[PDB]
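**Q** Chain residues, written in single-letter form:
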Amino acid sequence: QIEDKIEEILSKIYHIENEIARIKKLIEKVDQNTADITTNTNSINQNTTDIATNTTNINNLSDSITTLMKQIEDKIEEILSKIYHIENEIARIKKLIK
Amino acid sequence: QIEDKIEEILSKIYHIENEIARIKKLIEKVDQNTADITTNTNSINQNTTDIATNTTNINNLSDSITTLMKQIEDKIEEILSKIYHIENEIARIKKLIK
Amino acid sequence: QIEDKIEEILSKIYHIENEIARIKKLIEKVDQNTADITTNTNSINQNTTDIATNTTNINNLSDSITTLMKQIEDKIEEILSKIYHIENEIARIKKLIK
Ligand SMILES: [Cl-]
Ligand SMILES: [Cl-]
Ligand SMILES: [Cl-]
Ligand SMILES: [Cl-]
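Here the protein sequences line up with chains C, B and A, keeping their order. In terms of the entry's author numbering, the numbers along the first sequence are unbroken and rise by one, the last being 553. In terms of the entry's author numbering, the numbers along the second sequence are unbroken and rise by one, the last being 553. In terms of the entry's author numbering, the numbers along the third sequence are unbroken and rise by one, the last being 553.
Chain C with its partners taken away, still in its complex shape:
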């Protein structure tokens, strides 16, 4: 029966080796996954930097438009004011004739 116990063990070992050989394939997979997570982390960081640049630039353009709006509204106000003054000079030139 010793000899049966031994044949039994030899089968278990053969099975075990076949299971281990399948499991060993994981080593290379895990390392590959680890490498791919790093690459993703590098792309994520680069997107974050580029989103920041865009955010900054949206904000400056927004400010820029606000400065332009003011600049123009003030020149328009000043031009309308000159026009009003000229209309008043023409009222007086008209009264001065008649």
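Warning: the hint list may mix true and false statements.
Stated by the list, open to error - Once the Cα atoms are required to be at most 25 Å apart in a straight line, the calculated BS3-like pairs of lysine-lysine come out as:
1) A:460 with C:460
2) A:480 with B:484
3) A:484 with B:467
4) B:467 with C:467
5) B:480 with C:484
6) C:460 with A:525
7) A:550 with B:550
8) B:484 with C:537
9) A:484 with C:480
10) B:479 with C:484
11) A:467 with C:537
12) A:525 with A:537
13) C:480 with A:537
14) A:549 with C:467
15) B:484 with C:553
16) A:550 with B:530
17) B:525 with C:550
18) C:525 with A:537
19) B:537 with B:549
20) A:460 with C:530
21) C:530 with A:537
22) A:467 with B:467
23) A:530 with A:549
24) C:537 with C:525
25) C:480 with B:525
26) B:460 with A:467
27) C:484 with A:460
28) A:484 with C:537
29) A:530 with C:484
30) A:467 with A:480
31) A:480 with C:549
32) C:530 with A:484
33) C:460 with C:479
34) C:479 with B:479
35) B:549 with A:549
36) C:460 with B:460
37) A:479 with B:480
38) B:480 with C:479
39) C:549 with A:550
What the hints contain is simulated information worked out from the structure, not anything from laboratory work.
Got chain C sorted already, so can you dock chains B and A with the ligands onto it with the hints?
**A** Below, chains B and A with the ligands alone, put in the same frame as chain C:
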């Protein structure tokens, strides 16, 4: 001869234990990868939310500039119209003199 | 000693099996991680394409504002120039009366 079978079993086993001890290291590397994937997934989502904000804001500014453009074109044409009416009052005043 | 050597071996084998069963639980975890890294990679790319769109559009609005600026400032200068020539016609009309 049994005894020889037993020694070669004991070396097969010694070898298996060394293989299993290497493979054991994978349990914690996999935990780590899983944690790092979650972190990356959190950053991806934050970038996605920030890209959305930026897209929204680009779109409002673009509309804003369009409103400002027309707003200005109208005031400029009102001004040109007042100028023309002044040019006509001066044609009169010149006539009215001679 | 033989039968003792055998009962020892059988429990070393029992433990290797327990260790292997613990390690076989990684197989699907590693597959799941791999699938999740691919998903993340897909989201990263999508974000990259949307950042590029946003970048392009920020830049065109920026240029657009620059074109609008000069367009208006030239129109305003032309209006100021018509106003000045109208002031001069009114200086003449005033001198022509008195
Ligand atoms: Cl990832
Ligand atoms: Cl993994
Ligand atoms: Cl991203
Ligand atoms: Cl963006």
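**Q** Please go over all the hints and tell whether each is borne out by the structure.
**A** These are the hints, each one checked on the structure:
Between residue 460 (chain A) and residue 460 (chain C), the direct Cα distance comes to roughly 11 Å. Compliance with the 25 Å bound is thereby established for this hinted pair. With a CA separation close to 14 Å, the supplied pair residue 480 (chain A) and residue 484 (chain B) stays within the 25 Å bound. Note on residue 484 (chain A) and residue 467 (chain B): the hinted pairing is violated, with a Cα-Cα distance of about 29 Å set against a maximum of 25 Å. As the CA atoms of residue 467 (chain B) and residue 467 (chain C) are separated by approximately 12 Å, the hinted pair is consistent with the 25 Å bound.
Of the pairs offered as hints, the one joining residue 480 (chain B) and residue 484 (chain C) holds, with about 13 Å between alpha carbons and a cut-off of 25 Å not exceeded. Distance check on the hinted pair: residue 460 (chain C) and residue 525 (chain A) sit about 97 Å apart at the alpha-carbon level, beyond 25 Å; violated. Distance restraint check for residue 550 (chain A) and residue 550 (chain B): the Cα-Cα separation of roughly 16 Å lies within the 25 Å cut-off, and the hinted pair is therefore satisfied. For the hint pairing residue 484 (chain B) with residue 537 (chain C), the CA-to-CA distance comes to about 78 Å; that exceeds 25 Å, so the pair is violated.
With a C-alpha separation of about 14 Å, the suggested pair residue 484 (chain A) and residue 480 (chain C) falls inside the 25 Å cut-off, and the hint holds. A threshold of 25 Å between alpha carbons decides the hint, and for residue 479 (chain B) with residue 484 (chain C) the separation of about 14 Å falls inside it, so the pair holds. Taking the CA atoms of residue 467 (chain A) and residue 537 (chain C), the gap is about 104 Å. The hint is violated against a cut of 25 Å. Between residue 525 (chain A) and residue 537 (chain A) the CA atoms are separated by roughly 19 Å; this keeps the pair inside 25 Å, and the hint holds.
Pair hint residue 480 (chain C) plus residue 537 (chain A) does not hold up; C-alpha atoms about 85 Å apart against a cutoff of 25 Å. The hinted pair formed by residue 549 (chain A) and residue 467 (chain C) fails the criterion: a straight-line CA distance of about 121 Å is larger than 25 Å. Taking the CA atoms of residue 484 (chain B) and residue 553 (chain C), the gap is about 102 Å. The hint is violated against a cut of 25 Å. Between the alpha carbons of residue 550 (chain A) and residue 530 (chain B) the distance comes to roughly 33 Å, so the proposed pair goes past 25 Å and is violated.
A C-alpha spacing of about 39 Å is found between residue 525 (chain B) and residue 550 (chain C), which places the hinted pair above 25 Å, so the restraint is violated. Between residue 525 (chain C) and residue 537 (chain A), the direct Cα distance comes to roughly 23 Å. Compliance with the 25 Å bound is thereby established for this hinted pair. Of the supplied pair hints, the one linking residue 537 (chain B) and residue 549 (chain B) holds, its CA atoms being roughly 19 Å apart against a limit of 25 Å. Using a Cα cut-off of 25 Å, the hinted pair residue 460 (chain A) and residue 530 (chain C) is violated, with the two alpha carbons roughly 103 Å apart.
Distance check on the hinted pair: residue 530 (chain C) and residue 537 (chain A) sit about 15 Å apart at the alpha-carbon level, within 25 Å; holds. With a C-alpha separation of about 12 Å, the suggested pair residue 467 (chain A) and residue 467 (chain B) falls inside the 25 Å cut-off, and the hint holds. In summary, the hint linking residue 530 (chain A) to residue 549 (chain A) is not supported, as the alpha carbons are separated by about 29 Å, beyond the 25 Å threshold. About 18 Å separates the Cα atoms of residue 537 (chain C) and residue 525 (chain C), which keeps this hinted pair within 25 Å; it holds.
Restraint check for residue 480 (chain C) and residue 525 (chain B): the C-alpha separation of about 67 Å exceeds 25 Å, so the hint is violated. The straight-line distance between the Cα atoms of residue 460 (chain B) and residue 467 (chain A) is roughly 16 Å, inside the 25 Å bound, and the hint therefore holds. The suggested pairing of residue 484 (chain C) with residue 460 (chain A) is violated, with an alpha-carbon distance near 38 Å, which exceeds 25 Å. Simply put, residue 484 (chain A) and residue 537 (chain C) have alpha-carbon atoms about 79 Å apart, too far for the 25 Å limit, and the pair is violated.
As the CA atoms of residue 530 (chain A) and residue 484 (chain C) are separated by approximately 68 Å, the hinted pair breaks the 25 Å bound. With a C-alpha separation of about 21 Å, the suggested pairing of residue 467 (chain A) with residue 480 (chain A) holds against the 25 Å cut-off. A threshold of 25 Å between alpha carbons decides the hint, and for residue 480 (chain A) with residue 549 (chain C) the separation of about 102 Å lies outside it, so the pair is violated. For a cut-off of 25 Å, the pair hint linking residue 530 (chain C) to residue 484 (chain A) is broken: about 68 Å separates their Cα positions.
Taking the CA atoms of residue 460 (chain C) and residue 479 (chain C), the gap is near 28 Å; set against the 25 Å cutoff, the hint is violated. Proposed proximity of residue 479 (chain C) and residue 479 (chain B) is supported: the alpha carbons are some 10 Å apart, at most 25 Å. Proposed proximity of residue 549 (chain B) and residue 549 (chain A) is supported: the alpha carbons are some 11 Å apart, at most 25 Å. Restraint check: the Cα-Cα separation between residue 460 (chain C) and residue 460 (chain B) comes to about 12 Å, which is no more than 25 Å; the hinted pair holds.
Only pairs whose Cα atoms come within 25 Å are accepted, and residue 479 (chain A) paired with residue 480 (chain B) is accepted, the gap being roughly 13 Å. Between residue 480 (chain B) and residue 479 (chain C) the alpha-carbon distance is near 11 Å, which keeps this suggested pair within the 25 Å criterion. With a C-alpha separation of about 14 Å, the suggested pair residue 549 (chain C) and residue 550 (chain A) falls inside the 25 Å cut-off, and the hint holds.
In summary, the numbered hints that this structure violates are 3, 6, 8, 11, 13, 14, 15, 16, 17, 20, 23, 25, 27, 28, 29, 31, 32, 33.
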